[PDB]
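Peer 1: Residues per chain, in single letters:
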Amino acid sequence: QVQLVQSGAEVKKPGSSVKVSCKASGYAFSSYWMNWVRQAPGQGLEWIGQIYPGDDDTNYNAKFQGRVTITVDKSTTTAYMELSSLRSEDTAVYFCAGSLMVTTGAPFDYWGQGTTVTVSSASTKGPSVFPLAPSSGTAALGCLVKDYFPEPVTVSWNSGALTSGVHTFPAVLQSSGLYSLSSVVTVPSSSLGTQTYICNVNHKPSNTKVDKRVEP
Amino acid sequence: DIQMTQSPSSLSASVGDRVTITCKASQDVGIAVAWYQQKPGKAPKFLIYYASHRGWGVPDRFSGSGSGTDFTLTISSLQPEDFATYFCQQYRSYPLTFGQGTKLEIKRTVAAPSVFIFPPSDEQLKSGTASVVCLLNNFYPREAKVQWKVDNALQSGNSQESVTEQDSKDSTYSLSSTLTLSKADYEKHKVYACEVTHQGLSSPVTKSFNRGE
Amino acid sequence: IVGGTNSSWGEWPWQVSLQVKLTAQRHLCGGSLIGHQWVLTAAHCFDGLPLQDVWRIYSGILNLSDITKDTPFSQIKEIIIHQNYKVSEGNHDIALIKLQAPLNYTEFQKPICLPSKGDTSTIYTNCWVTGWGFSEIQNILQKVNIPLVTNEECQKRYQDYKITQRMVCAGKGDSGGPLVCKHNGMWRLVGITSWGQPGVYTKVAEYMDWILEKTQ
Ligand SMILES: *[C@@H]1O[C@H](CO)[C@@H](O)[C@H](O)[C@H]1NC(C)=O
Ligand SMILES: *[C@@H]1O[C@H](CO)[C@@H](O)[C@H](O)[C@H]1NC(C)=O
Ligand SMILES: *[C@@H]1O[C@H](CO)[C@@H](O)[C@H](O)[C@H]1NC(C)=O
Numbered sequence: 002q003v004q005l006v007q008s009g010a011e012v013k014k015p016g017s018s019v020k021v022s023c024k025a026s027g028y029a030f031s032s033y034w035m036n037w038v039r040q041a042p043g044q045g046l047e048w049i050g051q052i053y054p055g056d057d058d059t060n061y062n063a064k065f066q067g068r069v070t071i072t073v074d075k076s077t078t079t080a081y082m083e084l085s086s087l088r089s090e091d092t093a094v095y096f097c098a099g100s101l102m103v104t105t106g107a108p109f110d111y112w113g114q115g116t117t118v119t120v121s122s123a124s125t126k127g128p129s130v131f132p133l134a135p136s137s138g139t140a141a142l143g144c145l146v147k148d149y150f151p152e153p154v155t156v157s158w159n160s161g162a163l164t165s166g167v168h169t170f171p172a173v174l175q176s177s178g179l180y181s182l183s184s185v186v187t188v189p190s191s192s193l194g195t196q197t198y199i200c201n202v203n204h205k206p207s208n209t210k211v212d213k214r215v216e217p
Numbered sequence: 015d016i017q018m019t020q021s022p023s024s025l026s027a028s029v030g031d032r033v034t035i036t037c038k039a040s041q042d043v044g045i046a047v048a049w050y051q052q053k054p055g056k057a058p059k060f061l062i063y064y065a066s067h068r069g070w071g072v073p074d075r076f077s078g079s080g081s082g083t084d085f086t087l088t089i090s091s092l093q094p095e096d097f098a099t100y101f102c103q104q105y106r107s108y109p110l111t112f113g114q115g116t117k118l119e120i121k122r123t124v125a126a127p128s129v130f131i132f133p134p135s136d137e138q139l140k141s142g143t144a145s146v147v148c149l150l151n152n153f154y155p156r157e158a159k160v161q162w163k164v165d166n167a168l169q170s171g172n173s174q175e176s177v178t179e180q181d182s183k184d185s186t187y188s189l190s191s192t193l194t195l196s197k198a199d200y201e202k203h204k205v206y207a208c209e210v211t212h213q214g215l216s217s218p219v220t221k222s223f224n225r226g227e
Numbered sequence: 033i034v035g036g037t038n039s040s041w042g043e044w045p046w047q048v049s050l051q052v053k054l055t056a057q058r059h060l061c062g063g064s065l066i067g068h069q070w071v072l073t074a075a076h077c078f079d080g081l082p083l084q085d086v087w088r089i090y091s092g093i094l095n096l097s098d099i100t101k102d103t104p105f106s107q108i109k110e111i112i113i114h115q116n117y118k119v120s121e122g123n124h125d126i127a128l129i130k131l132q133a134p135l136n137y138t139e140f141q142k143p144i145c146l147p148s149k150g151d152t153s154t155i156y157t158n159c160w161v162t163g164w165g166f167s168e169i170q171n172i173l174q175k176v177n178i179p180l181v182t183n184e185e186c187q188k189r190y191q192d193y194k195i196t197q198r199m200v201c202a203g204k205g206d207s208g209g210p211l212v213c214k215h216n217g218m219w220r221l222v223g224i225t226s227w228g229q230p231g232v233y234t235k236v237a238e239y240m241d242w243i244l245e246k247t248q
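Residue numbers (this note's numbering), protein chains in the order written: chain A, 2 to 217; chain B, 15 to 227; chain C, 33 to 248.
Some hints here could point you the wrong way.
A few chain C residues that face chain A, going by a derived Cβ cut-off under 10 Å, partial list only [claimed, not checked]:
#, residue
1, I33
2, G35
3, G36
4, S40
5, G42
6, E43
7, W44
8, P45
9, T157
10, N158
11, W160
12, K175
13, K214
14, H215
15, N216
16, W219
Calculated pairs, DSSO-like style, for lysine-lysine (alpha carbon to alpha carbon, straight line, at most 30 Å) [to be verified]:
#, chain 1, residue 1, chain 2, residue 2
17, B, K121, B, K56
18, A, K126, B, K140
19, B, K56, A, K64
Calculated from the structure, these hints are not laboratory results.
Using N, Cα and C, we set each Cβ at its ideal position, and we do this for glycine too.
Make the full structure from the sequences, and use the hints.
Peer 2: This is the structure we're talking about:
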């Protein structure tokens, strides 16, 4: 089948460069335009450029011209996008998309799953986990995962034994440059005196695992 | 560059409803307009090209129309799988441009938020920072408003709000508000209150706690 | 990059369908729109059907099943078969059709650029043949990426037929259908299907002098 598989997520610092790859299969790689599109968390979709692998002809968005170089490797049928002089504003999910038509570059009938690129001067840091202790017929428990970088952080309650009513909110980038996240769950207030709730926080980028019990 | 403006930015509908999304180009793009569907965290999916023709395997309920500067996407009978963000793209001239996106949301009966307030934990205070969290649980619509009052003083610029996607079961939203204060500033005051204004509440609901109590 | 051999609207705007309405209208041959009034196809399509009154030509058409009595069509005004062509032989299988009324170029109807006189010796690497060939007639216009083969290498297989320098070899393809190859970022009509072993195509480059003279 037709597949576009991109490389894994990248974390870069300002002034460096990132090279995102897109391995294509299941079609005539050299006969279709390969387009690169990025989706910033707060600026929608933005077309970067395109390359026709057969002739290596390229068209770049004037915004990125001078910083993006789209190249292909016909042997492995892989397209690359190299964005240089990275800025924090370049943080976005970068997609490769194949043109619908052999004869023109747009529109795009198929997209890659996307490559998350995070540009930040911040350094890798494990999460500080704090409890959102319930007050005192549903009571709310929580878990404040704060000051971690890079994303993502996975939070589970009682090692998965408690999934009902669990809400893990999207992380927010703070002024410190670190991400913060809160995970909450609602349980009967009576059960607070019977059951113990454990916030299981895993941050693979830092290899840090935190298990914090939540009690009044 | 040709700008593409989609309307509305958000749109609530129910399974079986007929919904219409419009895209307006700042310049004449002829019919060189395509439509894409993107669900959260996934890649956009190709729906329409040349403003009217469906893509490979696109259900017939998806209909595109328009020409010149005004274009429309119509879904005759919304299926639960159709709720997602929709983008219009123009490829008349380079650089190719997309619309800001129109999010289709499941319409639900109004639900008032359950408001919870959490004082900063002792562990965090030892670190010199205080985070007080206000939780709005299982409410609809999304436009709940949250305000932070410190000793009846309306805080501003020191709070960040995060909201979840529609719950897969109840289609409700949940929102968290985190007022971040330094330990020095946290102890200056006594009463911390979270005031929530929502469509489903008769009057704003305020949950407060007294520091150290 | 999706769809396989199925084509998209406007992908091959030069593609035209030649049909005859004797008792039940059916598709017989493909053609290349090379101008407002000019269509280039294979001569053998007219063997036994010399009358211009019966021929209907459809441009900007993807799905032949969508053709209806209300569908617009072009009527032939002049059938210029190559003087050297003979029904008993496949050599010089190039014919020019003049439409009674000029066609308007649209997103679905555009001419295909013809090769220059000097392009008789150039080598093409990204070549495609499009048509509604047989398996019945495929409803959707098909596209196939086929590599070109040198005349010397081709003659080894068609031992029963003399492959002249005015022919191209390669190897869902109609008689008279286009053989287009992208060179220097521009698509050019390299050949015309004549024999449907490898496909054999009339080399449009060698016939440019005849094409321009008749056209002008
Ligand atoms: C092409 O379209 C036909 C419908 O006419 C369909 O049966 C076939 O599976 C399609 N092929 C591809 C590769 O999508
Ligand atoms: C082509 O048109 C016919 C009717 O004219 C329609 O039934 C068929 O589905 C069309 N082709 C495709 C691939 O849908
Ligand atoms: C087609 O071309 C003719 C002649 O140039 C012109 O009168 C007409 O407006 C054009 N468009 C259509 C839709 O016929």
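Peer 1: Would you mind marking each hint as holding or not holding in the structure?
Peer 2: Hint check results:
Using the Cβ-Cβ criterion of 10 Å, the hint placing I33 (chain C) at the interface with chain A is satisfied: the shortest such distance is roughly 3 Å. The beta carbon of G35 (chain C) comes within 7 Å of a beta carbon in chain A, closer than 10 Å, and the hint placing it at the interface holds. Nearest Cβ of chain A to the Cβ of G36 (chain C): about 8 Å, under the 10 Å cut. The hint holds. Because the smallest distance between the Cβ of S40 (chain C) and any Cβ of chain A comes to about 6 Å, under 10 Å, the interface hint for this residue holds.
For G42 (chain C), the interface hint holds, since its Cβ comes within 10 Å of a Cβ in chain A; the closest pair sits about 7 Å apart. At about 4 Å, the closest approach between the beta carbon of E43 (chain C) and any beta carbon in chain A falls short of 10 Å, and the interface hint on this residue holds. Satisfaction of the interface hint for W44 (chain C) is found here, the shortest Cβ-Cβ separation to chain A being roughly 7 Å, below the 10 Å cut-off. The interface hint given for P45 (chain C) holds, since its Cβ lies 8 Å from the closest Cβ of chain A, which is under the 10 Å cut-off.
Using the Cβ-Cβ criterion of 10 Å, the hint placing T157 (chain C) at the interface with chain A is satisfied: the shortest such distance is roughly 7 Å. Restraint check, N158 (chain C) versus chain A: the minimum CB separation of about 5 Å is within 10 Å; hint holds. For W160 (chain C), the suggested interface contact is upheld, since its CB lies about 6 Å from the closest CB of chain A, less than 10 Å. Evaluation of the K175 (chain C) hint against chain A yields a held restraint, the C-beta minimum of about 7 Å falling below 10 Å.
The interface hint given for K214 (chain C) is met, as the beta carbon of that residue sits about 7 Å from the closest beta carbon of chain A, less than 10 Å. Annotation: interface hint on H215 (chain C) holds; nearest CB of chain A at approximately 8 Å, less than 10 Å. Among the interface hints, the one on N216 (chain C) holds; its C-beta lies about 8 Å from the nearest C-beta in chain A, closer than the 10 Å criterion. For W219 (chain C), the suggested interface contact is upheld, since its CB lies about 6 Å from the closest CB of chain A, less than 10 Å.
Distance hint between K121 (chain B) and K56 (chain B) is fulfilled; the C-alpha atoms sit about 22 Å from each other, no more than 30 Å. With a CA separation close to 19 Å, the supplied pair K126 (chain A) and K140 (chain B) stays within the 30 Å bound. Between the alpha carbons of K56 (chain B) and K64 (chain A) the distance comes to roughly 25 Å, so the proposed pair stays at or under 30 Å and holds.
In this structure, none of the earlier numbered hints is contradicted; all agree with it.
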